[PDB]
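A.B. asks: Using the hints, position chain A against chain B.
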Amino acid sequence: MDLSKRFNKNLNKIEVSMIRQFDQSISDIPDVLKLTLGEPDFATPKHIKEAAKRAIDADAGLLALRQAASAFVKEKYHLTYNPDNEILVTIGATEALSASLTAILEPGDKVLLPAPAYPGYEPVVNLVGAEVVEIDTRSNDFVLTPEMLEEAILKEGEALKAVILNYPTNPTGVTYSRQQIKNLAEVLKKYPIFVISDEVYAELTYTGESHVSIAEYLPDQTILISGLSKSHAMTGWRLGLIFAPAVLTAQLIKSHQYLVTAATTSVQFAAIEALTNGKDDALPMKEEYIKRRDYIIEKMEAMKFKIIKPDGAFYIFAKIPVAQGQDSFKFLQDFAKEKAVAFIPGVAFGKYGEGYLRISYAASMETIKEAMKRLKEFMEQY
Amino acid sequence: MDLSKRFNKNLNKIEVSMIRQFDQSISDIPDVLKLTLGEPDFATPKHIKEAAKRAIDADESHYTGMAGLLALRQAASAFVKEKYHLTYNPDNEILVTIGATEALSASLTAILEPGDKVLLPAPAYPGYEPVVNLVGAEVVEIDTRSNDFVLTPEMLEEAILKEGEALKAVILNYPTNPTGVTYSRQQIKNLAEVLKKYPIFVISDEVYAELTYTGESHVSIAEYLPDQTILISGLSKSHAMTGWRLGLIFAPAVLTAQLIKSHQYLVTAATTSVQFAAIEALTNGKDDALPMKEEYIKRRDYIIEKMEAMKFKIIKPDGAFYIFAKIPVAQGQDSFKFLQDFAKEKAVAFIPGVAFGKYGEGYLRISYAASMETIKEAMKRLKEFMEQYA
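As given, the protein sequences belong to chains B and A, one line each in that order. FYI, in PDB author numbering the residues of the first sequence are 1 to 59, 67 to 389. Position 69 of the second sequence, counted from 1, bears residue number 69 in PDB author numbering, the numbering being contiguous throughout.
Extracted from the complex, chain B is given alone in its bound form:
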């Protein structure tokens, strides 16, 4: 306990993860059905497994990856990033946040974030010495308005360094239309701030019009974080991608510890394959997912849960009716105890998620039907 008080002070801002806590609290319950995952459990295709094994027994320098990534976001999202100087690679999603947030942040700084939100941004922000200010989006059913945004920016004043936008959104499944994105950009272009655009769920958009990135309309302020593992099998190498104008990336690149500058074919190949040969594997997956989502929505509506229209995968965010209930953590622990199925408590996504549970439909239809069956059983009690 001598050196243990000589670490970085910001670790004293780091609380225990709400999700990890919830899982360890229900770990000793045998055969829990899990609808809690943020990464789907893909059945890796035979050809990909064989490719991976060949790359093991191989024993180029990120160029082909960067190029494929560039072509990909041009075709998909009409964005132009030069593979030579505007595209960075990370070994995993969380390193992308580490790299970019450590590059931009300074101790006084505030970071705005629509809430409820993925629990992983605030820790990183805290570690580098800054603060997250949530934006309560409850009044528009979790859809951030340009007005909400501008009022929050104005509230935070001169210490505002960045806004983090996550769309399609975890945990709510919120997506934004072209005009919405355009209006948000119209707010953001008036302030000297970075925009962290976390678009990892982009491929899973159910709207009919496809995903629109804020970088289409706000290219100079946007650091675009993307990836592939939400919709492609990666054999565990869930590489992240950072896209940003040359002038910004020339700075971002100096967060060296958090960036990939060389990798074996074993490491890159699943990402390269997903960007090129698997570039359209999300379409059928979307068909199936729309089915799963519709089924859950119908069955939970029948139980009189209030459901946020999930236009982007793969979460349903449900308002637990009964007063049980204002303690979603407990409500879900009791569901876990009596019915042996797990969701994640809305509280795990901060204050503004209480009274909600998050169901992750990146799971088989059978696990889904069983889960709803049991929930229906669990609710007769109420």
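Among the hints, a few may not be true.
Unchecked claim - Straight-line C-alpha distance at most 30 Å; calculated DSSO-like pairs for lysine-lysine:
(1) B:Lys196 with A:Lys383
(2) B:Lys344 with A:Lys261
(3) B:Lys5 with A:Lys13
(4) A:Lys261 with B:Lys34
(5) B:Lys5 with A:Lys162
(6) A:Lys286 with A:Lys346
(7) B:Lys9 with A:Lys53
(8) A:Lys196 with B:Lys9
(9) B:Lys326 with B:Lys344
(10) A:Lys9 with B:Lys197
(11) B:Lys337 with B:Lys383
(12) A:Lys53 with B:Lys53
(13) A:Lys9 with B:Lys5
Unchecked claim - Partner residues aside, some chain A positions facing chain B, computed with beta carbon under 7 Å:
(14) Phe7
(15) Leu11
(16) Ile14
(17) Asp59
(18) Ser61
(19) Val254
(20) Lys261
Hints are computed from structural coordinates only; laboratory data are not their basis. We put the beta carbon where it would ideally sit given N, CA and C, even for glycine.
C.D. replies: Relative to the frame of chain B, chain A by itself:
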């Protein structure tokens, strides 16, 4: 639209690697024989590749914890007990990481603060400083030239006292990149006797441990300082698991709790197929390093022979796989340019001594992680190129 002045300020202190600059400078020369590799040239042993492939075929998603599969931690615990006589509880004292460098970096950022100083013995391996700078702390390099780049207890202490209470940590790297230097049990003990009276972290970078050539095996300072050492290892040097990302952190439970609190949210868990490979390596490949070590000793001896025939002063290489050698001609005082010229005239690349801290000038680093064919060829061309001098 101008956000140039809106970044973290510490980014100011971070330039490109002098190594990278030298490689860039010679990128137009074709068919260059490179002896610059920072990783073993050997393929990963079959039994390990095999375990990887079985894991790929099993296709278990199998999210493991922040600390890695328990079987992996148990294997690492057992490994360092048997090999280095160290006792770490796999339940709470071992962290599994996507590579030794990320284990090290993550450890630095968890312990550092803007005020802080970190001490590092000459000649500095350039990978450390950027991490520290990114946090806003600073690296202070200890001039060890007067002992041929072997750190002495006196240098250490003098350095420690010179820095204030601003001193947060010492980084020891043994066997050392770029010198090949090692420390005996007694030397390690003497350094520990110095280090134990200061409230500071000891970052002990022991990735090269298995590549020790002295007939006494590697001794870790963690053996003498169990409570203040954070031990960084991995399987890249010992098991030729290169571009596999398996790093290991060993630390007292109290330190480990903090470390993992910080790592949870900054880095990604190791790939589980890799973690299975690592279990195979650590449990069934305990002596995988030996054949490689034999090959390395032969290459090393050939190089020492040839290089001493041309009057290079060679720092004693006891740990792999670098030879740091002093240039015996005037032009050698610009090692950068001397090696540029060597490259233009003979198409072979070494790394200039200047790329390793500020006390490295007049030296060159050969990496003998390289085939004997091209090592022999490199030495013959080097002879030819040295003819030109008197």
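A.B. asks: Now, for every hint given, state plainly whether the structure supports it.
C.D. replies: Right, here's what the structure says about each hint:
1. With a CA separation close to 63 Å, the supplied pair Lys196 (chain B) and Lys383 (chain A) exceeds the 30 Å bound.
2. Among the hinted pairs, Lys344 (chain B) with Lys261 (chain A) is consistent with the structure: their alpha-carbon atoms are about 29 Å apart, no more than 30 Å.
3. With a C-alpha separation of about 28 Å, the suggested pair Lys5 (chain B) and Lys13 (chain A) falls inside the 30 Å cut-off, and the hint holds.
4. A distance of roughly 25 Å separates the Cα atoms of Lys261 (chain A) and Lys34 (chain B); the hinted pair therefore holds under the 30 Å criterion.
5. At most 30 Å may separate the alpha-carbon atoms for a hinted pair to count; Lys5 (chain B) and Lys162 (chain A) meet this at roughly 23 Å.
6. Straight-line distance between C-alpha atoms of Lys286 (chain A) and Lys346 (chain A) comes to about 40 Å, which puts the hinted pair past the 30 Å bound.
7. Between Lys9 (chain B) and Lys53 (chain A), the direct Cα distance comes to roughly 43 Å. Violation of the 30 Å bound is thereby established for this hinted pair.
8. Proposed proximity of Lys196 (chain A) and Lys9 (chain B) is supported: the alpha carbons are some 23 Å apart, at most 30 Å.
9. Taking the CA atoms of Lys326 (chain B) and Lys344 (chain B), the gap is about 20 Å. The hint holds against a cut of 30 Å.
10. With a C-alpha separation of about 23 Å, the suggested pair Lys9 (chain A) and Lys197 (chain B) falls inside the 30 Å cut-off, and the hint holds.
11. Note on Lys337 (chain B) and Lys383 (chain B): the hinted pairing holds, with a Cα-Cα distance of about 18 Å set against a maximum of 30 Å.
12. Proximity of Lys53 (chain A) to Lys53 (chain B) is assessed by CA-CA distance (about 6 Å); at most 30 Å being required, the pair is judged to hold.
13. Taking the CA atoms of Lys9 (chain A) and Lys5 (chain B), the gap is about 26 Å. The hint holds against a cut of 30 Å.
14. For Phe7 (chain A), the interface hint holds, since its Cβ comes within 7 Å of a Cβ in chain B; the closest pair sits about 5 Å apart.
15. Taken as an interface hint, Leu11 (chain A) checks out: its beta carbon lies about 5 Å from the nearest beta carbon of chain B, inside 7 Å.
16. Hint on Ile14 (chain A) holds. Least Cβ distance to chain B is approximately 4 Å, under the 7 Å limit.
17. Satisfaction of the interface hint for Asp59 (chain A) is found here, the shortest Cβ-Cβ separation to chain B being roughly 5 Å, below the 7 Å cut-off.
18. Taken as an interface hint, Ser61 (chain A) checks out: its beta carbon lies about 4 Å from the nearest beta carbon of chain B, inside 7 Å.
19. Because the smallest distance between the Cβ of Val254 (chain A) and any Cβ of chain B comes to about 5 Å, under 7 Å, the interface hint for this residue holds.
20. Look at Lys261 (chain A): its Cβ gets to within about 5 Å of chain B, closer than 7 Å, so that hint holds up.
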